[PDB]
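Listed below are the residues making up each chain.
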Amino acid sequence: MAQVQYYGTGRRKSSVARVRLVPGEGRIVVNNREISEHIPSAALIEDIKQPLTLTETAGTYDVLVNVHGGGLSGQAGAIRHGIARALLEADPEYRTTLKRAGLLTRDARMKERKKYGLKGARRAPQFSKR
Amino acid sequence: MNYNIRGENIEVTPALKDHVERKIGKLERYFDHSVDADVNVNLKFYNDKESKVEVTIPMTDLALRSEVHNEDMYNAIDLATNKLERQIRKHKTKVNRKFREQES
Amino acid sequence: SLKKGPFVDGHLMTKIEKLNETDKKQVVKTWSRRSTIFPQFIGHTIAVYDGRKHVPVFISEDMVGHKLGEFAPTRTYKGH
Amino acid sequence: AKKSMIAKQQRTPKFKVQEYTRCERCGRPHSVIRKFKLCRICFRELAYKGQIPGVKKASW
Amino acid sequence: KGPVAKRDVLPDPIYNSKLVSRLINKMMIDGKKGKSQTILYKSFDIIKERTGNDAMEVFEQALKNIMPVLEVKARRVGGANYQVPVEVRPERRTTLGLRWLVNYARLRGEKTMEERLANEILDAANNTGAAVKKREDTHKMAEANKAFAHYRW
Amino acid sequence: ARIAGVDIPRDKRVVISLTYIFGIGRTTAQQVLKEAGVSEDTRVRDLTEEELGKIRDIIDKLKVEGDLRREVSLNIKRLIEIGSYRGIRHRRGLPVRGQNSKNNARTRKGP
Amino acid sequence: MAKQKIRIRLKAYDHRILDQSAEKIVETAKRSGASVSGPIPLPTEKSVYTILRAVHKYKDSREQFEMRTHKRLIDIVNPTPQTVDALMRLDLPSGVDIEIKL
RNA sequence: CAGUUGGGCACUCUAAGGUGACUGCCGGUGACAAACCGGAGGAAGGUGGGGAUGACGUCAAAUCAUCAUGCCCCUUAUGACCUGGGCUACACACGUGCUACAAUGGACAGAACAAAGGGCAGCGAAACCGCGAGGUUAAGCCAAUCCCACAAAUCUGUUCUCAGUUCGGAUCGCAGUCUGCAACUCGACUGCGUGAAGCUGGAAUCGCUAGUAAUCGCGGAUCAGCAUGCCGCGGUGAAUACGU
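Taken in sequence, the protein lines are chains R, Z, F, B, D, A and W.
For what it's worth, UniProt numbering labels the leading residue of the first sequence as 1, then goes sequentially.
For what it's worth, UniProt numbering labels the leading residue of the second sequence as 1, then goes sequentially.
For what it's worth, UniProt numbering labels the leading residue of the third sequence as 4, then goes sequentially.
For what it's worth, UniProt numbering labels the leading residue of the fourth sequence as 2, then goes sequentially.
For what it's worth, UniProt numbering labels the leading residue of the fifth sequence as 4, then goes sequentially.
For what it's worth, UniProt numbering labels the leading residue of the sixth sequence as 2, then goes sequentially.
For what it's worth, UniProt numbering labels the leading residue of the seventh sequence as 1, then goes sequentially.
I should point out that these hints are in silico values taken from the structure, not numbers from a laboratory.
For every residue, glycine included, the Cβ atom is placed at its ideal position computed from N, Cα and C.
Wrong hints could be hidden among the right ones.
Stated by the list, open to error - Here's a subset of chain B near chain W, in silico, CB distances under 10 Å, partners left out: (1) 15; (2) 16; (3) 21.
To be verified - Here are the simulated DSBU-like pairs of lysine-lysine, each with C-alpha atoms no more than 35 Å apart in a straight line: (4) 44/Z to 58/B; (5) 83/Z to 94/Z; (6) 67/D to 90/Z; (7) 3/W to 50/B; (8) 21/F to 17/B; (9) 119/R to 3/B; (10) 17/B to 119/R; (11) 78/A to 32/F; (12) 67/D to 98/Z; (13) 62/A to 7/F; (14) 57/W to 4/B.
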């Protein structure tokens with residue numbers, strides 16, 4: 001019923017967020033917790049706020065992001081990826097420069113499963129020197 | 001750390017332990033100083049008269065060992081030591097090379 | 004055991020009720036190893052299974068709750 | 002001692018905490034699978050020949 | 004295989020620092036980047052508030068007096084080689100300065116490694132000390148053999 | 002010294018001060034010292050001329066240095082004299098409380 | 001609200017018996033009244049359990065057989081008591097689990 | 001109070017069919033061909049990431065003890081049954097890991113984030129009891145519903161302040177719980193106490209190309225009990241590759 005704004009659900013390392021950005025003033029506090037309420041502080045919140053700071057930098061409309069999954073970079077990075085893609089659904093011509101300033105592709109860097117006889121999927125087994 | 005010796009199907013005779021131990025005392029009679037050398041030896045003449053020996057000595061920063069067969073079972077120890085001869089002289093020479101030269 | 008309780012040998016409980024019942028019997032084999040000494044089963048000799056043959060153990064008064072199979076020696080020492 | 006070992010392991014246990022698991026096709030001790038009902042060698046060979054659905058393997 | 008380069012980091016928390024963003028990339032140890040961000044921001048307030056001056060000028064003068072030029076690249080024909088003179092490249096410049104300032108300054112021994120590390124960078128701001136002493140150290144070892152191993156590489 | 006214990010703390014933490022004597026430790030110092038109510042408090046040496054004696058009554062009612070060494074004497078010496086299965090490893094040299102004998106052996110044997 | 005809807009959930013060894021057998025299981029839901037719901041897909045759980053893939057040695061060289069078993073569900077809407085009692089005429093598949101859960 | 005509940009199937013998610021990436025296209029380089037450098041576009045670019053898949057042959061490599069099998073040998077015992085013991089011993093050398101030596105730390109208080117698997121001979125909610133480990137009864141769950149379950153590293157305040165200590169944790173004592181026919185040889189966990197040695201480890205040696213190393217926790221196969229191993233699962237999130 002509100003203004004036609006972003007709702008783009010995208011994942012990053014098993015944390016898909018649902019950013020719902022309405023016509024607003026710059027309020028970014030998703031899931032009832034603020035940016036200083038969900039995970040403070042920590043100056044990586046600027047990194048989780050940069051993609052809204054890139055689509056002409058910036059609106060700023062509202063921000064309502066339901067992010068559940070992963071961890072700090074999971075919920076935060078999924079929030080910025082979701083508001084980045086659905087934020088590409090905010091302005092239709094925002095993908096020209098916004099597609100060239102990163103802001104997409106949902107890197108998917110999750111854990112590799114270790115083989116039968118490996119340490120941590122990168123840790124080698126052992127060495128019997130001598 | 002030096003000179004533990006064990007052997008299947010046979011005794012751990014000290015006239016075999018000092019017999020292998022003096023002869024393996026040639027290399028550390030000759031080299032600088034190591035702490036190393038575990039030895040394995042067994043077999044008999046159940047079939048085709050054999051005595052496998054296999055003596056490992058991984059001390060000089062990269063391993064070296066050998067292996068031989070015989071029936072005589074003392075005369076394969078000599079044929080383990082002089083096998084280790086070239087492996088321990090070619091560990092030191094090959095590396096002790098002075099072909100170094102710059103602009104000559 | 005935690006609460007109910009100290010687990011007697013049973014066969015050693017029958018020999019303890021009998022020989023500790025009267026006449027103060029002399030030490031023989033007692034092949035059990037489970038429970039400790041008892042309140043009333045003191046004094047006697049347990050020649051318990053040391054693995055090969057028995058071993059005359061005292062039914063003392065210091066090891067009140069200690070294991071009657073604990074007094075014997077298990078593995079042949081010493082030693083080097 | 003396969004006959005007395007596996008046959009005694011088929012009998013009734015002494016105490017209630019005496020019943021130890023046995024081997025399914027070959028009566029081996031040591032890690033017969035309790036959910037597939039077979040040994041390690043039995044689960045490997047009988048599972049690769051066709052025993053229940055299914056294969057096996059190589060996800061994750 | 005060729006030169007396969009690496010990626011950099013984004014601008015810092017306070018404020019828009021990039022080379023100091025690499026300073027936070029070296030600032031942590033054992034993965035937990037929050038403690039490194041806290042100790043690094045504590046060095047920023049400790050060196051920018053105390054010792055009254057700016058921040059990017061202070062770090063630009065510390066690493067600007069920390070980023071070396073020459074370095075020792077080993078070689079020989081075999082035994083008894085010659086430590087050749089091998090000058091730094093740019094990213095090797097900032098990397099070597101981060102190594103000297105970090106590994107020297109965090110091993111000082113003050114009340115904290117954060118405030119004491121800021122004291123090590125502040126003593127490095129005087130063009131000498133631990134990190135500047137290391138830049139003079141490698142800067143002095145090279146050019147000691149700068150007359151023989153210079154034209155070999 | 003001190004007014005509460007024998008060889009008590011001086012200019013040190015109150016919970017660690019109750020954690021000084023051979024028997025007075027951290028948990029029980031927080032417990033009975035928590036009944037006295039210090040919490041360090043005052044963190045060096047100043048509890049009270051009537052509070053430290055409160056550690057003489059509340060601090061004096063428990064034990065025990067010679068009673069801990071005496072209970073240990075009746076344990077390694079009690080079972081060291083009344084048997085035993087804890088004696089042969091209680092003084093025999095080998096691992097008594099459970100370990101591998103080819104193990105690290107930093108209780109009795111060592112290297 | 002509604003009624004307690006009659007729908008038998010399917011369990012299968014592979015995934016094609018629940019798919020096709022769920023298809024003809026919707027063929028039982030076309031008749032008998034109406035309102036046969038579509039393919040509510042189940043979680044599709046698996047089990048991964050590996051054994052030592054050697055005879056005696058080779059403790060690192062293991063092997064991991066893993067066999068998953070999950071199938072979809074179907075819950076009909078309109079009651080149709082004649083088709084509901086007529087659901088006992090189940091012909092397929094060979095490996096499939098039907099259980100009228102309502 | 002609670003997606004809990006009328007409602008809703010937009011989003012997320014669930015497993016079937018497909019689609020999508022194949023040097024496809026453009027600029028070139030190149031003996032035109034092969035390939036190779038660069039770019040757009042796209043979620044993804046030059047075998048996307050990972051797994052499964054291991055050529056004839058070598059080592060008379062490993063396995064007659066998972067199983068089967070040629071010969072030799074035993075058989076009123078090298079066979080069979082039972083109790084206790086041992087496989088866990090201990091001057092000593094190694095092998096692989098855990099936990100530490102500490103302020104980017106230690107103790108507390110509050111808050112926040114997962115994924116995965118198992119659970120009927122089972123998981124066990126809440127309630128009370130016990131510091132405690134756990135006990136009692138008992139709703140619910142044959143399980144995308146219910147339980148295991150609370151994640152932990154991390155963020156915000158008090159405080160310890162450089163010392164074998166308010167670090168670390170063995171050893172060992174007393175005192176309890178749970179499991180079992182029974183925890184003394186020989187299960188773990190908890191309480192109080194105790195507080196070794198360690199202040200980043202020699203010559204030498206190792207694994208590691210990014211969601212990687214490293215690090216913080218969770219689940220499971222065995223299994224009555226018994227993980228610092230093994231197999232998976234997610235969290236924090238690096239540096240470098242000059243060149244042969």
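Consistency of the hints with the structure:
1. Given the 10 Å rule on beta carbons, the hint for residue 15/B is violated: about 30 Å separates it from the nearest Cβ of chain W.
2. The closest approach between the C-beta of residue 16/B and any C-beta of chain W is roughly 30 Å, which is over the 10 Å cut-off, so the hint fails.
3. A cut of 10 Å between beta carbons decides the hint on residue 21/B: the least distance to chain W is about 19 Å, and the hint is violated.
4. A C-alpha spacing of about 46 Å is found between residue 44/Z and residue 58/B, which places the hinted pair above 35 Å, so the restraint is violated.
5. Straight-line distance between C-alpha atoms of residue 83/Z and residue 94/Z comes to about 17 Å, which keeps the hinted pair within the 35 Å bound.
6. Proximity of residue 67/D to residue 90/Z is assessed by CA-CA distance (about 52 Å); at most 35 Å being required, the pair is judged violated.
7. Between residue 3/W and residue 50/B the CA atoms are separated by roughly 48 Å; this puts the pair beyond 35 Å, and the hint is violated.
8. Straight-line distance between C-alpha atoms of residue 21/F and residue 17/B comes to about 30 Å, which keeps the hinted pair within the 35 Å bound.
9. Taking the CA atoms of residue 119/R and residue 3/B, the gap is near 38 Å; set against the 35 Å cutoff, the hint is violated.
10. Pair hint residue 17/B plus residue 119/R does not hold up; C-alpha atoms about 40 Å apart against a cutoff of 35 Å.
11. Only pairs whose Cα atoms come within 35 Å are accepted, and residue 78/A paired with residue 32/F is accepted, the gap being roughly 29 Å.
12. Between residue 67/D and residue 98/Z the alpha-carbon distance is near 44 Å, which puts this suggested pair outside the 35 Å criterion.
13. At roughly 33 Å between alpha-carbon atoms, residue 62/A and residue 7/F fall within 35 Å of each other, so this suggested pair holds.
14. About 26 Å separates the Cα atoms of residue 57/W and residue 4/B, which keeps this hinted pair within 35 Å; it holds.
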